[PDB]
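Only one chain is given next, in structure tokens, and it is the form deposited without the named molecule.
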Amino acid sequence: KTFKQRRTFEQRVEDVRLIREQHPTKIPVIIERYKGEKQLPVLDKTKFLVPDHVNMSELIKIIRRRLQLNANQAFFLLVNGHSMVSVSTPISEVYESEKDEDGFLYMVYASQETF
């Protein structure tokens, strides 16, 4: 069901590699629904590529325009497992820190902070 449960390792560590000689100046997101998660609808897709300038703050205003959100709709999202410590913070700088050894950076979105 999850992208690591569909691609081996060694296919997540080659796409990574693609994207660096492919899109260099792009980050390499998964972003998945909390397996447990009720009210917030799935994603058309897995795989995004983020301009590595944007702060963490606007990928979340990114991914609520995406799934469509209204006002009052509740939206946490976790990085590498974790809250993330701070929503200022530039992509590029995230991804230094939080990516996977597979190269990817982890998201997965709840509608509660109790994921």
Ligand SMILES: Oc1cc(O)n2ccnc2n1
Second form
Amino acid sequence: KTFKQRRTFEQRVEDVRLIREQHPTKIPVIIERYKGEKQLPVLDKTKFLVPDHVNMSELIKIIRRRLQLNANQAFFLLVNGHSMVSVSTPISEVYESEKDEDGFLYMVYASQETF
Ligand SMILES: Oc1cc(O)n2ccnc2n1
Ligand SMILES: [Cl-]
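Starting from the form deposited without the named molecule above, please write out the structure of the form deposited with the named molecule bound.
Full assembly next; the chain just shown is listed first.
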């Protein structure tokens, strides 16, 4: 079901290495629905190439547009398990500190802060 489950550490590492070669200015982001989630829909896809100049606040807006949410639906975006200290951080900076050893940046979303 989950991304890490579907691909070998070997395969995830090699995909990231190719995204580096073919999409050198993009951050490779896995975005997954919380296994508990009941309200929000599932994304059309799992793997995202996010432009490296956008801050986390702009990535939250991109995904809420991808989910086609309305303004009073709730949406939380956990990076690397935990809450973000700050949505003003550039995703280039968040990548360099929160990236997995496979080189993806993992995120989960829910309607509740209590995931
Ligand atoms: O939409 C939001 C708002 C937040 O404060 N966070 C913190 C981590 N992920 C978030 N997503
Ligand atoms: Cl590029």
